[PDB]
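A.B. asks: Given only the sequences and the hints, what does the whole structure look like? Please build it.
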Amino acid sequence: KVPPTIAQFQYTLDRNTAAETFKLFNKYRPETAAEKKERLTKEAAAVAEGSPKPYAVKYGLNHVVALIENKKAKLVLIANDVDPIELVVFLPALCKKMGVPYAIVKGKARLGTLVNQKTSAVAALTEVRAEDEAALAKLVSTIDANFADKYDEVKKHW
Amino acid sequence: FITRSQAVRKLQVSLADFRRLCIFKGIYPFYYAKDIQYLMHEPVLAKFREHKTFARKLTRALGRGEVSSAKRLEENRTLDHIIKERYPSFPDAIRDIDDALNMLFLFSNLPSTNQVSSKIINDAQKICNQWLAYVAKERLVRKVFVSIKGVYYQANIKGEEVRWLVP
Amino acid sequence: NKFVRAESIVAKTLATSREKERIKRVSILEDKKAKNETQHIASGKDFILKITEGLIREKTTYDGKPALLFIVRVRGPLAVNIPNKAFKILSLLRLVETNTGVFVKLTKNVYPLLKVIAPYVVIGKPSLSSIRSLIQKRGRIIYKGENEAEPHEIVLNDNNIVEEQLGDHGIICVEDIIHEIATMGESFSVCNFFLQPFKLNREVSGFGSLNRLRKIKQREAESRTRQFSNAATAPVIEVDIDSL
Amino acid sequence: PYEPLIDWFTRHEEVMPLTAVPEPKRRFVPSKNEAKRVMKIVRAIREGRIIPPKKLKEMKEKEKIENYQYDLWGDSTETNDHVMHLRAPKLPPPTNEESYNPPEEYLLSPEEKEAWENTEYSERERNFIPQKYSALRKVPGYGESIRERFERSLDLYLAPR
RNA sequence: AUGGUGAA
RNA sequence: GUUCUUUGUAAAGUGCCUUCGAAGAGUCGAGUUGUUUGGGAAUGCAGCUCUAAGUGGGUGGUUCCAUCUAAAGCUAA
RNA sequence: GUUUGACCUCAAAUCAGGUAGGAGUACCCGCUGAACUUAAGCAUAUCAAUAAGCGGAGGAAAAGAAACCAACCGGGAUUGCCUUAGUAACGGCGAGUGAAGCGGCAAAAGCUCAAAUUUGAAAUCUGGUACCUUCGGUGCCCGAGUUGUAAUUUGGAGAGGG
Numbered sequence: 070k071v072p073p074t075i076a077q078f079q080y081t082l083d084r085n086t087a088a089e090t091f092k093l094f095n096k097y098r099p100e101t102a103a104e105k106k107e108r109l110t111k112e113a114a115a116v117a118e119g126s127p128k129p130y131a132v133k134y135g136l137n138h139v140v141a142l143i144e145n146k147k148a149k150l151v152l153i154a155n156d157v158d159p160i161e162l163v164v165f166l167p168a169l170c171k172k173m174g175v176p177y178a179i180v181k182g183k184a185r186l187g188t189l190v191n192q193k194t195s196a197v198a199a200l201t202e203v204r205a206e207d208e209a210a211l212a213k214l215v216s217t218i219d220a221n222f223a224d225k226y227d228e229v230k231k232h233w
Numbered sequence: 015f016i017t018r019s020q021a022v023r024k025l026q027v028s029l030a031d032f033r034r035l036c037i038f039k040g041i042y043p062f063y064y065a066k067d068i069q070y071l072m073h074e075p076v077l078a079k080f081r082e083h084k085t086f087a088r089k090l091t092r093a094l095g096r097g098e099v100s101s102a103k104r105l106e107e108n109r113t114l115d116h117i118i119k120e121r122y123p124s125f126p127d128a129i130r131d132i133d134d135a136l137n138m139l140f141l142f143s144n145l146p147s148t149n150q151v152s153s154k155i156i157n158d159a160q161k162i163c164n165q166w167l168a169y170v171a172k173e174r175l176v177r178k179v180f181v182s183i184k185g186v187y188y189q190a191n192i193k194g195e196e197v198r199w200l201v202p
Numbered sequence: 053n054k055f056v057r058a059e060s061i062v063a064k065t066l067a068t069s070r071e072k073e074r075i076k077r078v079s080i081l082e083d084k085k086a087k088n089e090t091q092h093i094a095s096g097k098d099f100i101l102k103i104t105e127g128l129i130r131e132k133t134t135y136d137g138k139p140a141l142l143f144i145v146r147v148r149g150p151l152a153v154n155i156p157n158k159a160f161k162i163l164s165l166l167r168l169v170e171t172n173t174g175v176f177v178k179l180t181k182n183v184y185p186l187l188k189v190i191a192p193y194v195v196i197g198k199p200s201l202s203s204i205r206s207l208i209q210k211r212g213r214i215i216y217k218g219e220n221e222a223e224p225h226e227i228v229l230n231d232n233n234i235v236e237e238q239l240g241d242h243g244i245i246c247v248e249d250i251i252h253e254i255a256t257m258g259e260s261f262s263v264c265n266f267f268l269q270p271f272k273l274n275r276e277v278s279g280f281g282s283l284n285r286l287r288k289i290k291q292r293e294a295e296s297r298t299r300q301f302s303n304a305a306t307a308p309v310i311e312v313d314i315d316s317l
Numbered sequence: 239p240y241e242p243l244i245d246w247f248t249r250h251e252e253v254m255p256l257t258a259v260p261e262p263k264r265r266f267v268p269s270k271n272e273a274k275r276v277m278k279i280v281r282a283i284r285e286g287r288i289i290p291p292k293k294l295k296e297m298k299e300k301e302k303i304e305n306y307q308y309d310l311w312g313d314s315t316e317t318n319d320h321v322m323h324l325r326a327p328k329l330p331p332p333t334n335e336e337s338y339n340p341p342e343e344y345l346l347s348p349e350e351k352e353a354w355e356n357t358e359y360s361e362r363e364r365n366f367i368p369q370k371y372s373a374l375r376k377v378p379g380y381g382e383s384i385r386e387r388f389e390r391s392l393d394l395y396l397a398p399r
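Protein chains in written order, with the UniProt record's numbering: chain A, 70 to 119, 126 to 233; chain B, 15 to 43, 62 to 109, 113 to 202; chain C, 53 to 105, 127 to 317; chain D, 239 to 399.
It is worth saying that the hints were derived from the structure and are not from the lab. Please note that a few of the clues may not be correct.
[Unchecked claim] Once the Cα atoms are required to be at most 25 Å apart in a straight line, the calculated DMTMM-like pairs of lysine to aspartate or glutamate come out as:
#	chain 1	residue 1	chain 2	residue 2
1	C	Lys288	B	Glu82
2	A	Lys213	C	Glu237
3	B	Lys161	C	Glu105
4	C	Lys210	D	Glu389
5	A	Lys225	A	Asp83
6	C	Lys138	C	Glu236
7	D	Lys376	C	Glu105
8	C	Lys181	C	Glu253
9	D	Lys263	A	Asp83
10	C	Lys288	B	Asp67
11	D	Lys292	A	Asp83
12	D	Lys351	D	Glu336
13	D	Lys376	D	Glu316
14	C	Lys288	B	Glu107
15	D	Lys298	B	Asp127
16	D	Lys274	A	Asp83
17	B	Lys154	C	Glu236
18	B	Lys193	D	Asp309
19	A	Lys106	D	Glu336
20	B	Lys119	D	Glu316
21	A	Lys92	C	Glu293
22	C	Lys138	C	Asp249
23	D	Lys376	C	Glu237
24	B	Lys184	D	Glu301
25	A	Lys147	D	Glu261
26	D	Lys370	D	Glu343
[Said to hold, decoys possible] Part of the chain B face toward chain C, derived, beta carbon under 10 Å:
#	residue
27	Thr113
28	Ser124
29	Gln150
C-beta: ideal position from N, C-alpha, C; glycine also.
C.D. replies: Written out as structure tokens, the structure is:
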């Protein structure tokens, strides 16, 4: 059978909780290439003739890992079907050691749809507007009981 | 001699697109082998395949959940040169315009429905109104015939004697 | 067959409660106005709002003059079960069917009733050309078929049918009905019943690949054009109903 | 060989980060990348190699609509006789007294009407029921026009030649 | 010894 | 030698103060089997078998001191 | 939801954009690789770590900026020559085999990545198309890429700030 570290996946966010997380994440889609290009062209045209940081989800594996271990990230999403499993084996344990809540979601393809990329294998959010801060906090609190308390014996099931 | 199946296999085109190309080229049926070889080069087929690929791209964009990308793909998108060869001279076009006028008149009276875009009906009505205005200005009509299926209107454009039915 | 989710039923309940609260207040205000209880109300008189094309709004005081009007169903609110108070009105006016329309005559008493159900439908004054085109290109007519049954509401196939059904008020052709509808004729009610529904063509009618984007664009434009004000004193919103 | 894992290390949550790298100014101020891109676009606009969206609005909604403004045929007095494969369209011939007010001799009798109704499609060369209507309003509506013309369109190019 | 040739 | 752009709140040169401030793993190496060998201390090479750590590791040193940081790569003379 | 869409793996195309076979072979970089022949002898010693055999490049190639050499008051890339030296060292210590620092000369350019979050904006690049001033310059599109393209940097440190 698989080692105890493996099979920690296959226990993931449920349809309701996953749908809620996607709905919350869908409100922070990062600016795509076309949107950024048109915005910059409009700004240049305005300048030629004569705002705070843009809140967005963090999805880069290196960027997400750097955010973790610094307590900046408030929530982290983990892809379960990552082909190089070694890239993701340490992420759950590292987050638990750092105390950062995380929720595993099935499908790297599904995860990537929220950032206009084919696959990202990871997703996280640090900045959040006031209108969504309460929703993010409630989702984080719910995820605790949904996952951590339901799989306290994840070390079993070789 | 080849058949419709062979032509479809060689052209690698859909049945509806094959019928559209045949209509735009008047390839009456078995099928004319000597004409299919000439049909092998057709920018209309290139446009059709490009539109088919764009359809898949738009479906992918919609599935990925990006309205802006879908709008950009949709915005970023003819028979003018086809008529050049199938109507060698104006008299031939005038002679063959009977079917076109009849179809436009029939469609102008068709109520809007899910199976026919309202824009098509509006365009047909506008074309019919333009034709009626042109006929009235030139007064080229010579005879009027009333029938149970409509009024068999006719015109003498350059002596053609075309007969267009008004539903 | 399909399982019912808790969230959907909860949303339906909340929307129904909000609509019922709005409707009770609207009915109370209308009853007080009919009683001339002008002592304490938000507005003594009433207004009719008009939206026209870039987009600008127009507001004018209600005028006590009857006029021909056309009303079409807007298929909403999305998740509100129609209350019996409004359900009865919709059924009586036979506009419950989605995308269906019918012509009515504006009156002093009709306007308060329209105000209550204004969000559920779209109203406006169609042009004479539009009315003629709709009448000559659409319109159901219930009749007894050949001998036995009366399911044939298809179309006004023959003028002789109109002569046979009524025969008395001079309604012998479709143009007579058009004139009686455009003009404030006595036969307006008679022909109005004769043509209970007006089954106008619906939207794109599908999803497809590009059709999905078209439907999304229509839905988002509806919010920028139509809006559920929900105000008990909301003026009636008129639009270019002829745009179809 | 097969025993549960132990959380001896992960049991205690970390209190503070593991690095003290000072935060760069860009994390609290717009970075130079956006300004550089904006200035590059401004330079492109000034050099004339790119156009602002304001003019593109006109180019998309006030240009490219000028279509069909050319003589498609021009001077032409020749026919397709070079290749005789252009079969004649076979346009329908003139009417055959199928009027709303035809001669009284062609007024279909009840027996003739029954005989015509007995015949099915594809055997109705006389595809009209002649009748006399002294009043225009008495003319009944025709719903078979669409079907007949659709059949004509099908037969136009769906027949061997 | 290494690299090759053809065959009662 | 004669000229056009010189642009953009851009790059980068230096004196002083504050806070951070990484390093190549079936790899070194122990044993074994053949090879290289002028090679007394393998000096190396290939398979077999287990596999090490960062106040550490390699090569030497007379009690202990002297010098670098392999297991990534490029470059005319 | 009995449909539909995201992907991931591999095929299909006399589709577009691309490269290799071989020849030559004195020298270069590696693999395999013997015998005649010798001290009185053939397993080390020696022909020979050679010829032949095999694979891959250029006008030169390899190597080249130390986990180096040394023990002195220290030198500071690789390479070629003289010297060190027929010395240290090896071998029926004999016959014979056979190195290197330091010194002098020729020429001395040193560099680029992994290992820290750009995150207040994959800003990177190939390909197609449309133009020009064509070993290339630009508008637009797609794709590659987040399992990582973009600021420095290989310890002589370096970076965030004043």
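A.B. asks: Is the hinted pair B:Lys193 and D:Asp309 satisfied, with a Cα-Cα distance of at most 25 Å?
C.D. replies: 18 Å, holds
A.B. asks: Check the hint pairing B:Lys161 with C:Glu105 against an upper bound of 25 Å on the C-alpha distance.
C.D. replies: It holds: about 23 Å lies between the C-alpha atoms, which stays within 25 Å.
A.B. asks: Between the alpha carbons of D:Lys376 and C:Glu237, is the straight-line distance 25 Å or under?
C.D. replies: 12 Å, holds
A.B. asks: Keeping to a limit of 25 Å between CA atoms, is the pair of C:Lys138 and C:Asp249 held or broken?
C.D. replies: 23 Å, holds
A.B. asks: Does D:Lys298 pair with B:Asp127 here, judged by a C-alpha cut-off of 25 Å?
C.D. replies: 36 Å, violated
A.B. asks: Under the criterion that the straight-line Cα-Cα distance not exceed 25 Å, is the pair D:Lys292, A:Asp83 satisfied?
C.D. replies: Judged against 25 Å, a Cα distance of about 48 Å means the pair is violated.
A.B. asks: Is C:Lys288 within 25 Å of B:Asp67, Cα to Cα?
C.D. replies: With a Cα-Cα distance of about 42 Å, the restraint between C:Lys288 and B:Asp67 is violated, given a limit of 25 Å.
A.B. asks: Given the hinted pair B:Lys154 and C:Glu236, is their Cα-Cα distance within 25 Å?
C.D. replies: Answer violated: B:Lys154 to C:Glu236 is near 35 Å, above 25 Å.
A.B. asks: Going straight from one Cα to the other, do D:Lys376 and D:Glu316 come out at no more than 25 Å?
C.D. replies: 49 Å, violated
A.B. asks: Would the pair C:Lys181 and C:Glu253 pass a check requiring their Cα atoms to be no farther apart than 25 Å?
C.D. replies: 21 Å, holds
A.B. asks: When you check the alpha-carbon spacing of D:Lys263 and A:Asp83, does it fall within 25 Å?
C.D. replies: Violated, because 40 Å separates the two Cα atoms, which is more than 25 Å.
A.B. asks: Take a quick look at whether D:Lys376 and C:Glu105 sit within 25 Å of each other, Cα to Cα.
C.D. replies: Given pair D:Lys376, C:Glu105 is violated - Cα atoms ~44 Å apart, limit 25 Å.
Checked against the numbered hints given earlier, this structure breaks hints 2, 6, 7, 9, 10, 11, 13, 15, 16, 17, 19, 24, 27, 28; the rest are met.
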